[PDB]
Amino acid sequence: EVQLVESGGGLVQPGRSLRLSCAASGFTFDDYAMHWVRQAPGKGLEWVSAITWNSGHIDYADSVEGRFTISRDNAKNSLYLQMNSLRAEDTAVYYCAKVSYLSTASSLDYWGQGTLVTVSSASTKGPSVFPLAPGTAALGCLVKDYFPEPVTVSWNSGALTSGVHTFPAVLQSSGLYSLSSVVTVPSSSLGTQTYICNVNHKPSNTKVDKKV
Amino acid sequence: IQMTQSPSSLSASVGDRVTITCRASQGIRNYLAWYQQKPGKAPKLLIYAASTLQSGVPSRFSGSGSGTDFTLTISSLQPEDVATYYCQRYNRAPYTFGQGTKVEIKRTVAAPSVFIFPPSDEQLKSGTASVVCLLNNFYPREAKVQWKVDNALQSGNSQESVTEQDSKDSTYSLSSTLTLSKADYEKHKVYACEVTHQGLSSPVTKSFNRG
Numbered sequence: 001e002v003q004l005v006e007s008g009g010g011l012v013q014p015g016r017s018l019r020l021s022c023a024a025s026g027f028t029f030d031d032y033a034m035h036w037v038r039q040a041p042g043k044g045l046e047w048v049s050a051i052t053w054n055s056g057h058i059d060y061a062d063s064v065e066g067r068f069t070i071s072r073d074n075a076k077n078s079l080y081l082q083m084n085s086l087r088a089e090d091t092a093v094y095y096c097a098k099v100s101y102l103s104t105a106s107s108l109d110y111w112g113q114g115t116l117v118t119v120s121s122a123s124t125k126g127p128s129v130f131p132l133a134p142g143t144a145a146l147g148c149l150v151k152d153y154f155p156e157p158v159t160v161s162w163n164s165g166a167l168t169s170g171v172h173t174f175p176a177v178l179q180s181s182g183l184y185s186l187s188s189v190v191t192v193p194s195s196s197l198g199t200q201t202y203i204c205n206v207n208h209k210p211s212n213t214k215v216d217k218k219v
Numbered sequence: 002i003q004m005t006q007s008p009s010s011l012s013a014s015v016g017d018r019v020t021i022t023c024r025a026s027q028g029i030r031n032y033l034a035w036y037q038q039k040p041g042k043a044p045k046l047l048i049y050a051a052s053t054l055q056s057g058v059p060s061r062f063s064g065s066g067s068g069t070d071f072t073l074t075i076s077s078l079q080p081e082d083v084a085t086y087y088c089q090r091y092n093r094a095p096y097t098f099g100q101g102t103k104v105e106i107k108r109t110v111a112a113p114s115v116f117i118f119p120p121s122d123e124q125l126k127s128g129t130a131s132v133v134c135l136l137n138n139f140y141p142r143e144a145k146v147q148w149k150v151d152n153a154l155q156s157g158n159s160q161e162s163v164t165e166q167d168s169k170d171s172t173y174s175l176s177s178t179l180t181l182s183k184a185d186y187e188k189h190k191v192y193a194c195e196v197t198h199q200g201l202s203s204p205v206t207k208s209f210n211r212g
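Chain order of the listed sequences is H and L.
Mapping of the first sequence onto the authors' numbering: residues 1 to 134, 142 to 219, in sequence order.
Here the second sequence is numbered in the authors' numbering, starting from 2 and rising by one per residue.
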């Protein structure tokens with residue numbers, strides 16, 4: 001159980017700053033170089049910044065240089081990224097990664113799940129969630152008009168895995184996103200077993216169990 | 002410092018031998034690594050030191066190269082290998098990545114299953130109508146969804162969304178959403194999605210009544 005848990009992402013306005021944190025456990029953190037890599041949405045991996053075990057040497061991607069400041073607290077066993085003067089295309093999922101061997105001349109051998117950072121002067125708006133009701144049958148939930156991403160959606164408190172499809176969100180005219188999650192279940196149920204989509208949109212701090 | 006890969010994309014069949022190249026702009030000896038990223042997940046390390054496998058990684062991933070020219074080979078493409086692969090220089094700063102290589106899979110053509118959903122009454126209360134059409138577990142990606150309201154073709158008012166390619170059976174899924182206000186939605190009876198796909202000798206059409 002090696003672990004790297006990022007935190008600190010969210011909505012931030014153009015020009016402003018964010019501090020990303022990354023908590024390390026499993027391995028001996030004090031001993032390794034660490035990296036920050038990021039990915040815009042649907043775009044490719046981009047390396048950002050690296051720092052050695054003892055903060056002795058730092059490196060930045062021309063692409064930040066004078067805006068981002070990598071650092072670490074070997075006592076707290078934690079890694080940081082201070083991001084400043086943000087712009088729309090600093091918008092991305094940001095990962096911390098551990099280095100495989102000793103040396104910075106080593107591959108990244110483990111990466112966190114990452115945190116989304118969204119750079120935008122639009123306010124958060126929580127979704128409204130609507131039921132989509134109907142051999143096999145299909146049902147689902149329509150998760151409409153929310154900002155920013157992500158929302159997550161499980162069915163029956165995670166009990167229901169087979170047959171689930173959660174579609175990528177689409178940006179609407181309005182400037183908000185829309186989602187739809189669905190499941191396929193026997194037509195025979197329905198009037199027997201109950202179905203519940205559990206939506207959670209943190210940035211707005213709302214949960215809804217819509218109950219189809 | 003650039004890293005370039007080709008192809009940027011490739012389809013191939015289960016069993017096939019896939020080849021991905023990576024060209025460093027300046028001699029990196031063997032400080033090269035290969036990463037796979039499945040859609041939804043975080044990247045895994047497959048190969049390092051140009052040709053060394055990460056532990057627990059299946060042998061069918063193979064790497065060769067030295068200097069500037071490098072190659073990832075997957076020699077028996079399995080359905081779980083659908084992802085995007087990235088090379089990375091790590092001899093020195095910058096620790097730059099290639100552009101990525103999406104790899105998509107086989108397969109024999111498969112028909113969608115089409116379902117229709119009206120807008121819930123809790124939503125017309127809200128002031129607007131969303132009609133949703135669902136295409137399920139088909140291949141290939143290509144699919145045409147024509148909406149029809151009182152047999153009227155409908156244009157400029159649907160959005161679409163495709164799930165990424167299933168790891169198990171190599172299929173896609175589509176949802177289409179027809180949005181129109183309570184004004185128009187109350188004005189008609191028959192809403193319908195005509196679905197057109199290669200796995201269907203004729204189009205299939207789902208529909209419902211009320212409004």
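Worth flagging that the hints you see were computed from the coordinates, not collected in a lab.
Every residue, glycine too, gets a C-beta built ideally from N, C-alpha and C.
It is possible that part of the hints are untrue.
[Unchecked claim] Once the Cα atoms are required to be at most 30 Å apart in a straight line, the calculated BS3-like pairs of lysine-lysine come out as:
{"hint": "1", "chain 1": "L", "residue 1": "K45", "chain 2": "H", "residue 2": "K43"}
{"hint": "2", "chain 1": "L", "residue 1": "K107", "chain 2": "L", "residue 2": "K149"}
{"hint": "3", "chain 1": "H", "residue 1": "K43", "chain 2": "L", "residue 2": "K126"}
{"hint": "4", "chain 1": "L", "residue 1": "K149", "chain 2": "L", "residue 2": "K188"}
{"hint": "5", "chain 1": "H", "residue 1": "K218", "chain 2": "L", "residue 2": "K149"}
{"hint": "6", "chain 1": "L", "residue 1": "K107", "chain 2": "H", "residue 2": "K209"}
{"hint": "7", "chain 1": "H", "residue 1": "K218", "chain 2": "L", "residue 2": "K103"}
{"hint": "8", "chain 1": "L", "residue 1": "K188", "chain 2": "L", "residue 2": "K107"}
{"hint": "9", "chain 1": "H", "residue 1": "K125", "chain 2": "L", "residue 2": "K103"}
{"hint": "10", "chain 1": "L", "residue 1": "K45", "chain 2": "H", "residue 2": "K125"}
{"hint": "11", "chain 1": "L", "residue 1": "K188", "chain 2": "L", "residue 2": "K42"}
{"hint": "12", "chain 1": "L", "residue 1": "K126", "chain 2": "L", "residue 2": "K190"}
{"hint": "13", "chain 1": "L", "residue 1": "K103", "chain 2": "L", "residue 2": "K183"}
{"hint": "14", "chain 1": "L", "residue 1": "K45", "chain 2": "L", "residue 2": "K126"}
[Stated by the list, open to error] Computed, partial: chain L to chain H, Cβ under 10 Å:
{"hint": "15", "residue": "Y36"}
{"hint": "16", "residue": "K42"}
{"hint": "17", "residue": "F62"}
{"hint": "18", "residue": "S63"}
{"hint": "19", "residue": "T85"}
{"hint": "20", "residue": "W148"}
{"hint": "21", "residue": "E161"}
The hints, checked one at a time:
no. : hint              : verdict
1   : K45/L <-> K43/H   : 17 Å, holds
2   : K107/L <-> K149/L : 33 Å, violated
3   : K43/H <-> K126/L  : 39 Å, violated
4   : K149/L <-> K188/L : 13 Å, holds
5   : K218/H <-> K149/L : 29 Å, holds
6   : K107/L <-> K209/H : 38 Å, violated
7   : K218/H <-> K103/L : 37 Å, violated
8   : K188/L <-> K107/L : 45 Å, violated
9   : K125/H <-> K103/L : 33 Å, violated
10  : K45/L <-> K125/H  : 34 Å, violated
11  : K188/L <-> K42/L  : 45 Å, violated
12  : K126/L <-> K190/L : 18 Å, holds
13  : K103/L <-> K183/L : 42 Å, violated
14  : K45/L <-> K126/L  : 47 Å, violated
15  : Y36               : 7 Å, holds
16  : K42               : 8 Å, holds
17  : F62               : 14 Å, violated
18  : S63               : 16 Å, violated
19  : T85               : 8 Å, holds
20  : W148              : 15 Å, violated
21  : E161              : 8 Å, holds
Violation of the numbered hints given earlier is confined to hints 2, 3, 6, 7, 8, 9, 10, 11, 13, 14, 17, 18, 20; the remaining hints are satisfied by the structure.
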